[PDB]
Every structure is written in structure tokens, then in C-alpha cells.
Amino acid sequence: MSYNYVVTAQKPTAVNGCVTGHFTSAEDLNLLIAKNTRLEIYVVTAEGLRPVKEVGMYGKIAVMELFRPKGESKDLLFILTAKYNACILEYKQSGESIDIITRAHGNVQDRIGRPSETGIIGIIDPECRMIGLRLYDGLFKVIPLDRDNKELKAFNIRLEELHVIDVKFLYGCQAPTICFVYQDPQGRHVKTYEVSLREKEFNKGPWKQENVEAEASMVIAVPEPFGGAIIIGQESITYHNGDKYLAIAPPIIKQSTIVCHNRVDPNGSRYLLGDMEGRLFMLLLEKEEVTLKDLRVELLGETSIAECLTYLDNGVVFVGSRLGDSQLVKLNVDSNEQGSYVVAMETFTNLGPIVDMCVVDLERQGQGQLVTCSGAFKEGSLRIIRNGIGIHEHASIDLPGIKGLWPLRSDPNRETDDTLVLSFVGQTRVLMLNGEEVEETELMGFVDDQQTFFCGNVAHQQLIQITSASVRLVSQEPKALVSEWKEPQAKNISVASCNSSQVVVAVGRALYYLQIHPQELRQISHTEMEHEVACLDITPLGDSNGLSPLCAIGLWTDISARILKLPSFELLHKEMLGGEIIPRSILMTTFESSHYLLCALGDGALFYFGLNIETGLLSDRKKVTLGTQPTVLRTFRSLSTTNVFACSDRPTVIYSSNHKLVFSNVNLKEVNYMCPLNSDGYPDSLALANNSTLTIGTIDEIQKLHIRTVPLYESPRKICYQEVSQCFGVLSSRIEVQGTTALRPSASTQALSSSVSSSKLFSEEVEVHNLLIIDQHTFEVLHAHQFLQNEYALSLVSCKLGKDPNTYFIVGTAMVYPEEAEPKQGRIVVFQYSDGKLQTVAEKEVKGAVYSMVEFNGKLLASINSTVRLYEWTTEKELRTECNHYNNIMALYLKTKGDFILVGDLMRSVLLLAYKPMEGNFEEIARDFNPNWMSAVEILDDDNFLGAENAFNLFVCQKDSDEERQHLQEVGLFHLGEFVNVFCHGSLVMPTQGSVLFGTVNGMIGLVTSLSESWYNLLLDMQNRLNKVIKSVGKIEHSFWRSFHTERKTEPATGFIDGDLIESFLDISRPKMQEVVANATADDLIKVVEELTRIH
Amino acid sequence: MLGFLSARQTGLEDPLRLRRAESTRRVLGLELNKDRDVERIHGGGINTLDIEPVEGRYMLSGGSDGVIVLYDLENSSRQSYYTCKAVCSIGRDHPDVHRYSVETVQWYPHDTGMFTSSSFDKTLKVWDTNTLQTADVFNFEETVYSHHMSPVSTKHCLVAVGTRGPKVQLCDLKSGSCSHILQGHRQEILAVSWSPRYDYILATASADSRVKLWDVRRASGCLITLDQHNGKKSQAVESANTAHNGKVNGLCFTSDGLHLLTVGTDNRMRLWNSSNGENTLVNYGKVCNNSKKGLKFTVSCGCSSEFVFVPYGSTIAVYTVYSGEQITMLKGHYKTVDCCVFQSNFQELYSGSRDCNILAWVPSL
Amino acid sequence: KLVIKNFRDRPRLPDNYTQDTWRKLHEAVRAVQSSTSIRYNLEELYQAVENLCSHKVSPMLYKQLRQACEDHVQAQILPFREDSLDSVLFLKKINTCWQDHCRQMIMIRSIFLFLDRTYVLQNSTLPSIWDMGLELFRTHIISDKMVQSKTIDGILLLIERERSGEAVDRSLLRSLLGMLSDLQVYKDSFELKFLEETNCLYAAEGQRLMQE
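Chains d, a and e are the protein sequences, given in the same order.
The first sequence lines up with residues 1 to 289, 295 to 743, 748 to 772, 784 to 981, 986 to 1014, 1023 to 1111, 1124 to 1140 when you count with the deposited numbering.
According to the deposited numbering, numbering within the second sequence proceeds without interruption in unit steps and concludes at 365.
According to the deposited numbering, numbering within the third sequence proceeds without interruption in unit steps and concludes at 253.
I should point out that these hints are in silico values taken from the structure, not numbers from a laboratory.
Worth double-checking, as some hints may not be accurate.
[Said to hold, decoys possible] Calculated from the model, a selection of chain e residues having no Cβ within reach of chain d, i.e. all distances over 10 Å: (1) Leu43; (2) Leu54; (3) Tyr58; (4) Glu84; (5) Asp194; (6) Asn240.
[Stated by the list, open to error] Rough simulated footprint, nothing fancy, chain a against chain d, three-plus residues with beta-carbon under 8 Å: (7) 279–288; (8) 532–538.
[Said to hold, decoys possible] Listed below are the simulated DSS-like cross-link pairs for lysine-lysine, each with C-alpha atoms no more than 27 Å apart in a straight line: (9) d:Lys844 <-> a:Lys34; (10) d:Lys1060 <-> d:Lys92; (11) d:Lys674 <-> e:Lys42.
The beta-carbon is built from N, C-alpha and C at its ideal position, and this holds for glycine as well.
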């Protein structure tokens, strides 16, 4: 049995359903958004939205609609998980506490039945007597509500029509009336029935059936004043009421099918409609006193590709999009000079359908940095995901040569820092913060003509300045000197570290520990350290009144960190750091009442030891490499806690989450110095400094994924990083209509250079594929190479083959024609990029589509339609076959580790194809004989082959241990709840062996890792206990939610640990933690789950 | 088909769309395979086949000579071409072998460990898949054309057994009691079938051209008595409501359980509604059959449009259930076909004939 | 990005800072090479290197460092160009002339740590101050044919003694074979000759012992 850990790094960001209504309370105006599993409630304030809750339903939320029964003060909510769990959620706020109480919950799954073609359609009676569901073809499941169902005891009402396109409840009928569009071999026919609970069977409809357009695909139940139902289609919008019939065929909507509708006015005088192309129409109903006069369709403008949109108020329409960004637009009463009444107010970042992604160590750090090809036809774009703590740069300044920053309360009365002290080579400048305006002043008492090693407020309303010549004490008023301690023999001061009441300066080998006293610097003691002092710190700790009894030092010759008790300079402890590199900045600091001595070597490596303040005994010697240049550890406070900022070429923040330090990148090119600048104009800021500029900007909270966005305006398909050329290879695929012309300026049409593939091998709207070359710094498409007419580029891999040194972009294409069903002619082009040019190095016509390709020990391993042939790169520079393999249905996915090949068949689901090099022929080591339709497949270890099928599941094939050894065993089973598009080894952080990121179609970026059996058993026990303790949103048992589910099979989850469920252990109060750990102590398990949380 | 792959990739179409469209494409391209074989072990014809419900791996077959082979359809070899080797077999040397033709072999539902069979020796034996020993045997007073177990019932384990007497027998594989009988038919009962949807709805076809659905919980006759003309030629039920003009010798509920396909010796199929017994007037053209016992046929699962595979003389006919069109006519046999069974997992069809062969049809490309 | 400029910019940072400051290190580099105690103090020298890296004089500072080591290693070849020494004593002579270059060139790295890692590390074309030391030693001392000849013939002649049952300075051998490996000339210069000579001896020993 294998053991694995599945955790969700990025929560899904695709909006598959969004409703509006008074859910939180009567006068509210909520905007619920049904992300795949997340249920992000909102409140529509006068500006933007005010998120109020975000509950993760244990389900794929397939239907969401708000209904208000009789007697309910505020709207309830009905949710239908795609596994067919139905729950009537109700909002209930109790002061701070917000709890989505479940009024009634139940399962409405029929044991046997064809899942309907169009998908689950769940509708509610406008007078709220029943909830009509159409899950399986032929049946129409009705849920009563007049009775108080605490289990939602639905009852099937048989339907005589087997292919129902869309069904809606009509308005203003004494009996609950459905009005659906079904397809029968004579065409499509609207029809109506009168549902009747007492009879549990339909009756004759209020107005008999009628014929509808050949592609009438939607229904809109207009409200009470008009009644009847509108029926949208490809080219017509027919309004029906039984005796009235007003049908129009506007010319604008012919261009693209309409897919989403919504009602603007409560009387339904105006309707919104959005289509696949992204347009946003506006259907207007004209009334007569009432009846309906005529229909008009107006093009409001353009938005994201609208899957589901709602009207909130004042033209604030939320265009929830599965493919693009979930926009939020304003409907101007008048034109915007472009004929568009729509102006995008806000935007919600959405990692759309992740077609494929590659992990790259961009910026040459130790940090993974995903690059996903999210989006679709018009919203295709590259998202660059990277952990970090961003900097909201408020004010940037040009000041080359900065060499130190300190804040100064130049006015003793003022609480906030009104003055910033720069320090340049061989001099010093004082900067005065008077509001956002900042002017340089002169602080009398501070010698301007010397470099400064420290200057800051100290005890007794006094400043201090420690130049390279003399420690100086300045009376804060009227800003004149009161004391100047100097080296007795007149030597330059080499180091200095001050605090509120103590100053220690290390002149060469010798120390001098001054105690600040009112208008008096009293040299308490001194000593002669053996070897030249490198760095030191006396930061106060514990609860001493600014009196630090320790003075950590680091020394030059015998590289070592020590802790000298004060004032006697007694060597409490010594610690040999080792290596040939001296310490450079050593810091003593507290982290959640856990003391540390962070000592940073001059090569970038950083150490942190657990310091015992009383006895000074360094324990838990840990090392972390944060950069290459020498580090400078400066403390700073953020939200009532003290962090540490490690200025280097890779500026890294150190903060302690749950008694475990976290080293987080800061999204900045470089930070030489820093100082917590809490000014009036910039409250709680950081004055980050670099070689050429000085910057200010508040730093963020704990880590979170930061998502750049590079729009392409054309759907990408694949991506590969070619390190040597420093560029990405992206297979865009734009749409053309007619010759042929582009419908919009796409990246492939806006490239610096382009070229059309002139190939002699082979001799509405179409897709004109390309192979973009994206610079990996500017993200500007360097070269856009267009493929042949009617050619689809399905695969792309960057590798160097054979023995030659060149690195090649290799694209496997496949000619497509409408007449055929499976492609016949393809080719494997071998591109080379050089000197801003993309040359065709080779070409190899094949006898099928090239689905997936993977470099195999320098030998290209294509996959033509149902075969996996291992090409060879000949010295003549033309691909030459080596050996084929034909025993497949269709090999779509290939992944390699060493010499083994894992082939993801279309439906046979795996084939551990192994290449025998001594013979030169493939040998099927094993197969799994389940019919698991695959989506993407990946290899973890020698005998752990992860796979993700199309029913939203995961499974782990384990090579077992006669002929039964040829059976791959499924040991892990887990209902992920997303359609996994791509796997790729890696991680986003510099306990869990292995790490496999994977995208989805909803934007989720999970992360699969292996576990030791001991932690597997421990966490499985934890998971069961948490299930017993935590109460889910819909009372959906977690074991059921993760049960490996397919239409033909259903097994409990095993060999997988729900990462999110474990991580929820962090966010449960202490008494319920004690409950969960009723039988090991709570803190130990908090530590364990923290070690798990560290991975993503 | 790359269009479907891209549509699934970008989340446009549900994965269900590609799954069902590809299954329909594969079934439309169905053809005999010389890249696969099933070992010849039956002396006489093959009367029945039943792929196991769960995992679709093993496969029984009731030879007309009383031998119950138990194949294994998984390509355990390494070559593209292979033959489905027969794992076990209830040979004539077996002490408890069936003395005459085995005409129904069915796996015990929800439990592959056991399977059942019945033969003209007036016996129904409950076989243990592992040790191949009769767990229970029920001896009837007359032959047994066909029997069927509920593929949905987790509550009961009754077994409708259509003997050549006029009375349907219900045998209980739990504590033995074949006492429960369903009276109301007039002649032999050539084909019975439980409802895949409802636990207790049993549809029994007879040789007097009547198809009746029985609520076996009810002990006062049948719910429905199917009638060709939907009551147009209304006549009290003493010599009326005949679902065919000759013997009706085959039943197969559609996969959803909403419709009861019937085929009879008058050379017609009829897609009857399963809730009120109203013929839905699907034409199906003229289907040829002349068998004088249970004609087996099955209906596809997991495809866009449900197909039905009916033995048609010496050929398998592929009709579309809800439109009646004739998709094609699989043509590879040398005698009349007695039973075809659909392998839902991979859209493969195994069709035992009277010429001792079991031809495995598979899709092309 | 509210840029701000409301400043008065009077000063000028360096007086004659780069020329004088380098001469401070130049004595320190000279003092370190000759093992004379440093009159100036490392922190002043290190911080001096730091400031010179602010003025972007790292390239010229890198070169002027090279002339310092370039002009000292060459000063060490000439004692070895005198052939009044036998092989065994010579190896300790060159080995010490290598151990000192390691001890010294570590010290010159410690002072110049900032330059080594800020400027040189990014400039992938240039080698670190460490590998800089090996390159100087390799080409200007070990690449000397007479020193290379009398060196490899040194190590080989001890192994032949060791093979014949004598006791040799294993530590001295380890340093030299460490010395050659670090300089990378171990494979080209010494491995071939050693394998060549070893082939001969055991080939001679094999046929010699067979009949005995």
C-alpha cells in the first residue's frame, strides 16, 4: 500500500455558478459565488464587494439557487453537490461567529441512470413549493418543500421526453408549471406540464407544446406581469405564452451562441445575455397594458467569457467567468465612445483552465516558480505563480550610494519616527519625514562628514551616533552634544551595536561596553578578544528593562559565534560555525517567546540556534541558505509581532508561524539595507534601500501565491522552458473566421518576428496554431512561428537529442480536417532558436497525430495515434526510428523516470512501458486493466505511478511485488474533485519525499507528496478524529466526499490523506483540539501539521 | 477527435461529453477481431454468456453440451494478439456437471465469488467460482429455459426461473424456498428478467405472445399486461393484450431501466414503456428470429445513444434503441447466434453461436 | 509609485578614496603574502573593500588584485629554478610552496569576501578569487616544465619506493596529489605517467615472479 499527501496550494478560482439575493439578512444584497468547492459569500456594498465568509463545501457545487419559503425572514440556499448531496443551507450570524447552518440535508442520487447530457439542472418553484432537479435522462426528480423534509425525500416523476435541453419553472401559475425544451427526431419542441405533489405525476400543460428553433437551447421564465417563457437560440429569440407568440431573429446574436442569461428588473422588463465570444447583450421587453409588445436585443459591449452573470445594482454586473477573470462591470447609461456601455470596474484574478504548466527556477534562486498557461480563446494568458511577501511601494527615491538607514524620533514629544538617517560612504545625511513630504534637515550633534554604524533613540531622551571615529551622545533637545566616548588610543571603531541602554563597540580586537546614563557615557568594562571581531549584537530579550545580559559576537580568524555575559564579558558559550567564511551579521531576537541567535555567514548561508537567555546555551543548530551576498539581519515589527528581514541579493523575511521559523522571499530584485520607518506620512512602513534607489512601502502578512499575468489573447496549449536560450515555448492557437483574418490582435499577431511554416510534405472558423517564443524576463513574445494551414500543434518539448550540443524546440503536430474523426497525417518538426531567429532544423512526416512527446535519454519518444515509437537523432540530423510499440488504444500521455516509460492510454489507463537497451525494443512490464479514462499521468517513485482520470479522481498504481505480476495494482484511491490537466515534479518552497504539482481546469494547483507509513497511520487517525469532530457545511460525510467515485464503481478513499482537512486542524479552537487529541499532546500534533503545511 | 480533447482540456465540455462521444464512435466502428480469440472448448453450441458485472474480467458460457467454461478476457500476454484462455471449466468429468444444455449462466450479483446456471435437466445450481462446487441445487418439475437474478436487489436474492410450465418460479438463494410462484401466464415462459431499477419488478415473456411485469411483493397477479395497440383494440384480459403475434422469447430492460425491449418470433422488436406498458411505436424494421428458446440480447451502456445488439439469424444486428435505425450488421458466424453480451468497460462484444465459436468483436482503430 | 525629490544634495562622497584605499589593501595584500603581521586591521580593510565596491570600481579592483598575486607567485618560482636539491627534499619545498599559497590565498579571500561574492560571482566569465589563486599557481609554478618534471618524477619515485616495501611520507603525497587535483593537472600530467609506469613494474614483476 502506497502512502501519499494531497494538499491544495491554490484554491480553485473558476466560477461555475453565482446567485444574488438576500441571504445574510433581509436588507442585505449578497452575491454568492460557487467556485468549484469554495462558496464565497459576499455583500454588495455601494462600492465593490465586502467578503463575509468562504466555506469549503465537501462537494463540487453543481446547482446553486436562492429561494425564500413562506415565513422565512431571509432567503435560504439550496446546494447540489455533483455527487448529488442536496442541502438547504441557511445563514445565521451570532455576533462575530458566522455559521452556515444546514436546515435539511439529503442524498438525491438514483442508483442507476444515465447522467444527463446537458448536465445537472436544478430549479426551484418561484412560489417555493418544490425544487425541480433533472439529474438523469428520462426522470425528473422533484423535491417537495411544503412538508418539512429534514432529509429531502425526493420522488421521481417520470418524463416521456428523453433528451431535455433546458427546463425552467413558469411564473404565475396556480400549479407549479415546468416549461422545457426537448429534442426528438423531428426537431426541438417546447412543452409544459403541471407538476402536482399530491398526485406525484405531471398533468397537461397550461399551454400546449409548440415547435422551436433547431437550436433553441435555453429558457427564461419571464416574471408575473408577462408570464410565459422566452426561448433563446442560435439565431432566434421566440417569446411564448400559449396564445401570444413574438419571435425575432436579430442579426448580431447569429455570430456566437448565447450561453448565459440573467434578469435585471424584478418585473423582467430587461434581460442580460452573454455569449461564448464574450459579448454582452441586453434583451428588452416592451409592455402593453399587461401584455408584451416587441423584443429588442442590444449589444451593451464586451466582457470576459461569461459563464454566469448577475445584476446587482446600479449597473454593477458581475461577469463570473470560468475561462477568464471574473470581472465586475458598470453599465453606463450612455456609450463609451466605442459603442460599449460596459466599463470594467474591478477584476478577480482567476487561474483559468490550466492547460499545462512548467516549474522553472527563474531568477536562478532556489525557489520554484510555476508558469501556467491559464485561460482560453480570448482570455488565454500566462500566470507566473511564486510564493513571497510583496512590497506595496508607496514612494521610490533616487539616491545612489546608500550604506545604512535608521529612523529617528527627532522630536521627543512625538511618538512616530519623524526623521530618517541615511549614511553614505565617508559621510552621513539626515532625512526629515514631515508628512508624505520629505526634506533633508540637519541634526545638530551628528557629524555629517563620517560614515555611521548606528544612530537611534536611546534612554533618557537622547540620540546617539557611532561614527568610524567616536561614539557620540546628543541631547535630544536642544540637539547638542553631551558626551563623546572615543577610543583611548585614537583608532577607528570597527563595529558597534547599541540598544536602549547599552553600547558595545569592538575596536579591532578589543571591546568597550558603554552604559548610557543621563548625559554620561560610562565605560563600564572592556576586554581584548582573541581574534578580530566580525559582528556582534546586544539586542534585549526576555523582559529586562532594556538591559541585555548577553552580547553575541562573531570572530574573524577562528570562525565562531559566542555569547559573552555582560558586564563581565564572561564566555558563557562558544560555537564553531565551521567553513572558511566569516560571520557578517549576528542577531539576537525573540519569536513567539522562543529565543534565537540568527548568525549569517558572509557567503549568504544563515544559521539560527535556539538560545537559552539565562544560560546562553545554543541548541538546535540549523542552517539555511538564503542567498549569496553577505546578509544583514535587521529586526522590524509587523502587526504586534517582531520579524527579521535578511537584506541580501534575495531579500528574505524571517517570521515564526506556530513556533517554526519561515523564510519567505520578498518580491524585490535587491535590498541592501532596511529600517522600520513608522512615519506620519508612511505609518508602519519599511524604508527598503538598494544600490540606486530608496524605496518605502508596507510589507505584507504571511506568505501567499503572487500571480503575474501576461495576456496573449489567444488560447495557449503547451509550455516548455529552454534554459540555454532563456525563453519559453508556448503553443498558442488563435481563431480565424474567413482567405482568413484574425478576429482580434493576438500575441501571435503582435510578435517581433514571425514566419509561416512552408512545408511541402502535404500536397465557419479555423484554428491557426503557432509556437510562440516568450522571453523569460520581459515576457514579450520574441518570435511567433505559424504552422501550416489546418495543422494542430499538440505537443512541445525542449531537449537536446543524440550527441549534438544544440537544444531544440520539438513540436509534434497533427493535420486536421472536418471530414475525418481521428487525424491521419502528422509531423514532428524540430525547431532551433538562435540569434532572435527560429529555424527549422528537421522534419519527419508520420502516419498519425503526435499527441505527447518526451525526451528519453537523449532519444525522442513520440506517440503517434495508438503507438509509441522511440525516434533517434541521427548524426545526419534527421529523426530515425528505433523501435515501435502498437499495443494501445490511444497513447496520449507519456512520462519517464530513468528508462521506464508510463503511457497514459485514453481508456486502458496505464502501461509501464520499459525500454530494454541491450535489445532495442519496448517491453510492457505491467498494465492496469481497469477502464479508467485518463486526463494526466505522472510517476512518483520506482513503483508509484500517479494517475488522474476524467471522473475527478486520483489513483496510484503500484507495481506488485507468474503472469499476475504484469498487473499494476491500484493501491491509492481518492476523489480529488477537479479535472487534473497536467502534472509536473517540483515545489514552491526551497518529512515528505517527493513533490508533484498539478494544475486543474478550475485553477486549483494541488501538490502530491509521499509519506512514511508512520506518519500515514498517524494522519489517518487524525483525519478520522477530525471528521468525528468538525461539522461540515452540508453535513456531507468526508469519507463519502473523498470516496473514489465513477458511474460504474465506488470505493472508499485509501492511501491518500486529505491535506486541507488536516490543515483545518490549525484553525480550530483549543478545546476542540483537545477533543481531537483525546488520545500524544496537542502541541506535538500542531507541530506535525505545521511541518506538513510547510511543503506548499 | 482532437476537438473533443481540447474542449475537455479547457473545461468547455464536461468530460462526460468526450467519454460518451468516444464510446459511441467505438461502438459504431465495431468489427470482428482477428487480433483476439476465445479458445474453443464447447462440444456443441454456446447458449449463453455473462461477463461479470464488477471489473468486467471473467466470462462464463453455457455450452449446449452441459459444459460451463469460465474465460478470462484480460490480455495477460505481451503481444498485440492473444487468446482469452479458459481459466476453469465444469467439464463432463465433473461430478455435478449439467447433464443437458446449459442455457443461462449468470454471476451472483454483487458477489463474483458465486455464479448460477440452469439446464434442461430441470435443475438450477449455485456454483462457487473458487472451488467450482454446487452450493445449492433446486430441482424443478420441468425444464428451465431461462432464469435471471436481480442485478440491483441488495435486500432479497430471489431468482425468477422460467420453466416450460405456465407458472414462473421464484427460487431463493438464501434459505431455500421455491414455493413462491407467480400465476397468470398460459404457456411456457421463455425469458424472464428483473428490473434493473426497481427491486421487485419482474418482466416475464412467454410463448403465448404476452409480456407481463410482476411486482413479486404483490401476490395477486401482475401489475401490467403489455398490449400492442396501447388499448386501441380494447378487449378484456382473457384472450387480449398480446405483446406479439407469435412466441415472445426475449426481454432486456434498457440500461436505465425505463424501457423493456422485447423480441418475439413474429420478427419484430418493440420498445415498451416499463412503467405502464405502452408501446412507444419505435419501428426497428423487421428483425429475423426463429429460435424456440430464450434468445439472449443486451443493450449498450455508457454511450451517447443507447444501442441494442440482437442476435439476427446468424448475424448480430445493431439498432439504435430510441430511434429504430439499423446501425450495421456484424457478420462473422457460421450458424445461428444464440447470445451476445456487451463488455461495457471497453465497448467489446462477445457473441456465442451454435457453431461452438465465441467471436469477440472489438472496435477498429 | 509616488516618486519624491524634495531634497538638497550638497555633498560629495569620496575625496580621493579609491586610489588611497587600494594602497591600504595593497600593503595588506603585500603583508599577507610575506606572512608579515598586518599593520592595518582586517575590518578596516574589509569595510574598505565594501566601499570600493560601492563606487563600481570592482573590475579595476579585481585586476589590481591580480597584479598583487601575479607578482608574488612569480617571485616564488626562482628559488625552485635552482637545481641544487634532490627529489625528496624538493617535494617538501614545492608542497610548502603550495600549502602557503592556500593559507595566504584564503586570507586574501577573507579580506576581499565582498568583492568575491558581489561582483565576481555574478560575472560568470571571471573566476572567484580562490580559483584565481589556483590558476596563478598552476600556470606560473606547476606548469613550469622543470618543476612539473622534477615534481611528478618526485611523486612517482616515492611510490616506486613505497611499492618496494619502503615507508614514505603519505601526508606529503596526499597534499601533492591534492595539489594536482585542485589545479586539475592531476589527470593529464601525473595519471598517465603513473598508470604507464605502474603497467611496466607489475608487468615486469608478473613475468618475473611466475617462474619463481
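Evaluated hints:
| no. | hint | verdict |
| --- | --- | --- |
| 1 | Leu43 | violated, 5 Å |
| 2 | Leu54 | violated, 5 Å |
| 3 | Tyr58 | violated, 7 Å |
| 4 | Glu84 | violated, 4 Å |
| 5 | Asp194 | holds, 33 Å |
| 6 | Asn240 | holds, 31 Å |
| 7 | 279–288 | violated (count 0) |
| 8 | 532–538 | violated (count 0) |
| 9 | d:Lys844 <-> a:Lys34 | holds, 23 Å |
| 10 | d:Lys1060 <-> d:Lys92 | holds, 23 Å |
| 11 | d:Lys674 <-> e:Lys42 | holds, 16 Å |
Of the numbered hints given earlier, the model fails hints 1, 2, 3, 4, 7 and 8; all others are met.
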